[PDB]
Amino acid sequence: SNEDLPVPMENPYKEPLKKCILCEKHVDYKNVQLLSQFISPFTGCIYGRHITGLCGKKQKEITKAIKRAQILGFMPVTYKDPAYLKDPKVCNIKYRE
Amino acid sequence: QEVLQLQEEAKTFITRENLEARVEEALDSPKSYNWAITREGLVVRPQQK
Amino acid sequence: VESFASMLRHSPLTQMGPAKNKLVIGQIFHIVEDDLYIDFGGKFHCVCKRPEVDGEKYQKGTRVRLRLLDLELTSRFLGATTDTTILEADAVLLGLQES
Amino acid sequence: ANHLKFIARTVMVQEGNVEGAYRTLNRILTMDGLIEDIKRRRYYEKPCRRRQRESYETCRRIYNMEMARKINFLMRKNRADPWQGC
Amino acid sequence: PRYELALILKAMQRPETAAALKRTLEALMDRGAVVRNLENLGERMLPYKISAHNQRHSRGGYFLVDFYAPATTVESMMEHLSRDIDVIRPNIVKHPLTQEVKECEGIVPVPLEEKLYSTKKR
Amino acid sequence: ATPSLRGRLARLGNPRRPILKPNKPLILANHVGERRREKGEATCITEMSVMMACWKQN
Amino acid sequence: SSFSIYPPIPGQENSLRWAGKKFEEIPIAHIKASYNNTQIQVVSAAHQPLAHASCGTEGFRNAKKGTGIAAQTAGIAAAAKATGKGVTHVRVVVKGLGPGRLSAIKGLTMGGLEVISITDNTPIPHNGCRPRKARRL
Amino acid sequence: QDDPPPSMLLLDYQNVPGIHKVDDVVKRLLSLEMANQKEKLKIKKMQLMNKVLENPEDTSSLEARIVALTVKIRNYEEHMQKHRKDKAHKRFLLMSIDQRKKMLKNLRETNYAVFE
RNA sequence: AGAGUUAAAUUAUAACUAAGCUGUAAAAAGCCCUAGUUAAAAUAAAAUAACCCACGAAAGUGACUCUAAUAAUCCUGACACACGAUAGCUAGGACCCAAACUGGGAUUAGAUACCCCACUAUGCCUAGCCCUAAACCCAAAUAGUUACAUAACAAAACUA
RNA sequence: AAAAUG
Ligand SMILES: [Mg+2]
Ligand SMILES: [Mg+2]
Ligand SMILES: [Mg+2]
Ligand SMILES: [Mg+2]
Ligand SMILES: [Mg+2]
Ligand SMILES: [Mg+2]
Ligand SMILES: [Mg+2]
Ligand SMILES: [Mg+2]
Ligand SMILES: [Mg+2]
Ligand SMILES: [Mg+2]
Ligand SMILES: [Mg+2]
Ligand SMILES: [Mg+2]
Ligand SMILES: [Mg+2]
Ligand SMILES: [Mg+2]
Ligand SMILES: [Mg+2]
Ligand SMILES: [Mg+2]
Ligand SMILES: [Mg+2]
Ligand SMILES: [Mg+2]
Ligand SMILES: [Mg+2]
Ligand SMILES: [Mg+2]
Ligand SMILES: [Mg+2]
Ligand SMILES: [Zn+2]
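Chains as they are written, first to last, in the deposited numbering: chain AR, 47 to 143; chain Ad, 155 to 203; chain Af, 78 to 176; chain AU, 2 to 87; chain AF, 2 to 123; chain Am, 2 to 59; chain AK, 60 to 196; chain AO, 65 to 180.
Incorrect hints may have been included.
Claimed, not checked - Keeping only pairs whose Cα atoms sit at most 25 Å apart, straight-line, the calculated BS3-like set for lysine-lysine is:
#1 AK:154 to AU:6
#2 AO:102 to AF:103
#3 AK:80 to AU:40
#4 AO:151 to AO:91
#5 AO:165 to AF:95
#6 AF:103 to AR:60
#7 AR:71 to Ad:203
#8 Af:97 to AU:78
#9 Ad:185 to AR:132
#10 AO:108 to AO:136
Said to hold, decoys possible - Facing chain Af, according to a computed beta carbon distance under 8 Å, are these residues of chain AR, among others:
#11 50
#12 51
#13 57
#14 101
The set of hints was computed from the structure by calculation and includes no laboratory data. For every residue, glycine included, the Cβ atom is placed at its ideal position computed from N, Cα and C.
From just these sequences and the hints, can you work out the full model?
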C-alpha cells in the first residue's frame, strides 16, 4: 500500500561507455599517415593496447592494416616516415625523460 | 534500391571508349587517403596545407 | 507514523544521487598538523590537505566546501573474497563556507 | 638493407653530450624490447620453454600490477595516526 | 567495388605511364572484369628499394584500380602482371568498401575474475 | 591497466585450454618483497687506463 | 634552442653543418661490439675505409680483449688513425650487444673525435636463421 | 551434373521488379558470373528444393534438411576432387554423409512414401 | 587445403682496409680461401603487435594476398570409418642455418657428458608409410544446482 | 669452472 517503495527499473545514471579513438571509423591499409602514429619512430614496433588505448576490434584491425601495408609497398618497416613524423601524439609512451 | 544505386554507377564505369579519357584524367587528378587522428577523437587532414 | 521508504525517498542523500563531482558542505571535526578531517556527513569522513591560502583560518568546527568524488573508496584485488575498505571518502577542497 | 640508412634507432647528440645520448638510445631499445630480444635470440629457445616464459611473465606482471594498484590505493593511510593512545 | 588492385608502376614518363595504364586496363577487361574507377595516388618515394625484373627500383608511381571481377579470373591477372616488366609490385585485394563498418561499440569494462581459488584458510 | 584474467586458468567451468599456468596461486600477499641490493662494479677503470698510459709511454 | 633527436634526413631543407659538411658527407664509424671482441672501422661517406682498429689488433689476447678496457684502447687507436687522415666529426654505428659497447664509443672521444650521432644497427632477424642450442643442458 | 548459367540473375536480385529493363552491364554484375561459390550453393539449393520438395516453406522438415545437406555433400565432393590432401573437408564430407544417412533412416521409419 | 608474394637477418659471389677471426670462468683446437664495410640470388623461419585468447573434433594454427571452406532444426554411443605433434622408413628434389652420430680441443683419476669448433642422418617440398607422447588442463560426453557439505593437497562440493 | 664414496 506504500507509494514510496522503490520500483525495479533500469539505472538512469548509467554513464556512456568509453570509446576507442577509432570507434565507428574506417581503418585502411592505404592511410600510412594514420598507421604511422601507432608505430615507434625509432624502431618501428607496433604499440600494444596499454600504449594505444583502443578497444578490442580496432587494435587487431590496425595491426592487420600495418602488416598489410608493410608488405604491399606503402609503409617502411624499420622506421617511421619523417614526413609523418610530425603527426600529433596519440600514443601514451614517453621516451625522452 | 541497390539495383538503382548500381544503375547510377553504371554511367561512370571505365569502358573502351572511356579508356583514353580516364587514363589522362587519372594522370592529372591525384588523390590522397592520408588522414590523421587526435586524442579527442577528431580527424585532421593534410590537404589544407 | 512516517515510514522509512517515505523518509528515505526525501533524504538528501537520495536527492544527491551519484556522489561524483557533487558540491557538499562539510564540517571539520579533527585537526592534524597538516591533515584536516572533514565530515561531509554522508557516511564517512574525508581527509584533506591544508591549502596555502588562508591556512590559519582552518580550525576545528570550520565549515568548508567540497567537490565529492566517491562516497567510499573500495576496490577488489587478487584472491580477495570481499573489497578492501579504506574507511574514508574521496573529496577535494574548494572553499570555506563562502557566504 | 633495403631501407634508407641512418633513420632508425638514431639519436642526435646535443652539445657534445655522448654519455647521455647513449643512455637515451639505450632507453629507446629497452622500452621497445630490443635488448631483451637480442639477449633471448643469442641462444635458441624451444617452444615448450617459450610458452612457460610467457606464462610466468604474464602471471608476474599481473601480480605486480595488482600489488602496485593496492599500494597506490592504500597510500592515503600513510598519514600520522591522530588517535594514538586510544 | 569488389576487388582492388594496388599497382606500383615504374617511375617513368607521362606518355609511357599512359600507355602502361591503357594496356593494363585492357588486360583487366580481356579477362571479363569491368573497371569501376581509376585513382592515381601520386609518385612518391618507395618505402624500400624493391628488386624486380633485374632492376633496383627506388621510385614508383602508385595507382588504385577498383573493379568487379569473377573469383576464377583473379589469379590469371596476377600472373600477367608478374611478367609485365613495367609493374614493380602487383597486389589484388578485396575492396575495403565491401566490408560494412560494424558498430565499434566501445570499451566494455571487464571485471576482475573471482572464484579462481577456493576459500581455504592460508 | 591490469591484464585480464577471465578464461586464463584451468578450472572446471573453463571450456577452453588454459592460458596462464601459475607456479604459485595468484593470491595477493600481505607483505612486499625486500628491496634488492645492487651489485657493485669497479670504479674509474677509465682513469686507471690514462694513469697507466703515462707509465707505458714514459 | 629547438633541438630534435631525429636524424637530419636528406629529404628536407634543414640547415645543419659540422666543419662545413652536411650530415650526408660526415664519415661513419662502424663499431661491432661482440661478446669476445670489439672491432672499429672508420669509413668515409663514400664507403672508403680510412681507419681500422680492434682489440685483437691492439696486442691483446684471448680473454683480455673482451673487457671494456680493450675496447677503449681500440677506440683510442682508431681515433688516432682517423685523425691522421684529417677527420673531425663521425657518426657512430653500433652493431651487436656486448661489454665493449659504450667503452669503445667513448674511446673515440678520448682519442680526439667528436661524436654527433649514434645509430644502433643491431642484427634483429624476425625469426630467420635458427640460432644455436642453449648451453647448460 | 547441374549447369547453372553464369548470367542467371542470382536469387538476391531475381524477385525484385525491373531486373530485365536495366542494361547488360548491371545484369552481368547481378549475375552468377560475378558471384562467389556460396551464391551458387544457394541457387542449387533453390533449384533442388523447387523440384524435389513438396512444400518449399517447411524447412524444418526431414526431407528439406536432407536436400539441403545433399547440396553441401555435392559441394564437398567437388572440393575433394580438387584438394586431395585436405583432411578437414574430408572429415566434413564423411560426417555429412553419415548425418544424411541417419536422417534417411529416420525418414524411412516415419514417412515411407516421402523416403522413396 | 591449394595458388602467388617477401620486410629483417644469414649465405654462395665481387670491390677497399686490417693481420687476425671465432671461441670460453680461463684456455686449447679450428679458420687465417680469415675479419669489417659497400652490393647480392636460392633455401629455412615467420621480431613488436600478443598485457591479445580467436579458430579447429583433437593433434595443431598467429608474415601478406586470392579461391574453396569450417557437419548435424544440434543427447550418449564402439573393436566400424576418418584424422592423429614430434621422432622414424621409402623414392625424387632442396640444404642459409641448427644438429643426433662422428672427429678434434678443454675439465676430470677416468668423461666414450655438461664447455668450444667442424660435419652427417634429420629439421625443408611432393608422393607413399609408421599410428607413438607427461597425446595432461593427469579432471569423459550431454542438460543443470549453489541445496547438505571442507580426509589432506590441488582447480569447491554435487545431481539426472 | 672442478668436485667421488661411507
Ligand atoms: Mg573450441
Ligand atoms: Mg607446481
Ligand atoms: Mg612464494
Ligand atoms: Mg633432458
Ligand atoms: Mg602443400
Ligand atoms: Mg632480403
Ligand atoms: Mg647455394
Ligand atoms: Mg690456436
Ligand atoms: Mg614474422
Ligand atoms: Mg558447426
Ligand atoms: Mg555421438
Ligand atoms: Mg603421426
Ligand atoms: Mg619426417
Ligand atoms: Mg643436411
Ligand atoms: Mg654447425
Ligand atoms: Mg669428444
Ligand atoms: Mg598437447
Ligand atoms: Mg589420462
Ligand atoms: Mg565419451
Ligand atoms: Mg588441517
Ligand atoms: Mg665404490
Ligand atoms: Zn572502438
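Evaluation of the provided hints:
A C-alpha spacing of about 14 Å is found between residue 154 of chain AK and residue 6 of chain AU, which places the hinted pair at or below 25 Å, so the restraint holds. For the proposed pair residue 102 of chain AO and residue 103 of chain AF, the alpha carbon gap of about 22 Å is at most 25 Å, so the pair holds. A C-alpha spacing of about 38 Å is found between residue 80 of chain AK and residue 40 of chain AU, which places the hinted pair above 25 Å, so the restraint is violated. Our distance criterion of 25 Å between C-alpha atoms is broken by residue 151 of chain AO and residue 91 of chain AO, whose separation comes to about 39 Å.
Among the hinted pairs, residue 165 of chain AO with residue 95 of chain AF is inconsistent with the structure: their alpha-carbon atoms are about 39 Å apart, more than 25 Å. Of the pairs offered as hints, the one joining residue 103 of chain AF and residue 60 of chain AR holds, with about 23 Å between alpha carbons and a cut-off of 25 Å not exceeded. Distance check on the hinted pair: residue 71 of chain AR and residue 203 of chain Ad sit about 24 Å apart at the alpha-carbon level, within 25 Å; holds. Simply put, residue 97 of chain Af and residue 78 of chain AU have alpha-carbon atoms about 22 Å apart, close enough for the 25 Å limit, and the pair holds.
For the hint linking residue 185 of chain Ad to residue 132 of chain AR, the alpha-carbon distance of about 21 Å falls within 25 Å, and the restraint holds. A hinted pair counts as satisfied when its Cα atoms are at most 25 Å apart, and residue 108 of chain AO with residue 136 of chain AO qualifies at roughly 10 Å. Satisfaction of the interface hint for residue 50 of chain AR is found here, the shortest Cβ-Cβ separation to chain Af being roughly 4 Å, below the 8 Å cut-off. Proximity of residue 51 of chain AR to chain Af holds as hinted, the smallest CB-CB distance being about 5 Å (cut-off 8 Å).
Restraint check, residue 57 of chain AR versus chain Af: the minimum CB separation of about 10 Å is more than 8 Å; hint violated. Residue-level restraint check for residue 101 of chain AR is violated (minimum Cβ-Cβ distance to chain Af is 22 Å; threshold 8 Å).
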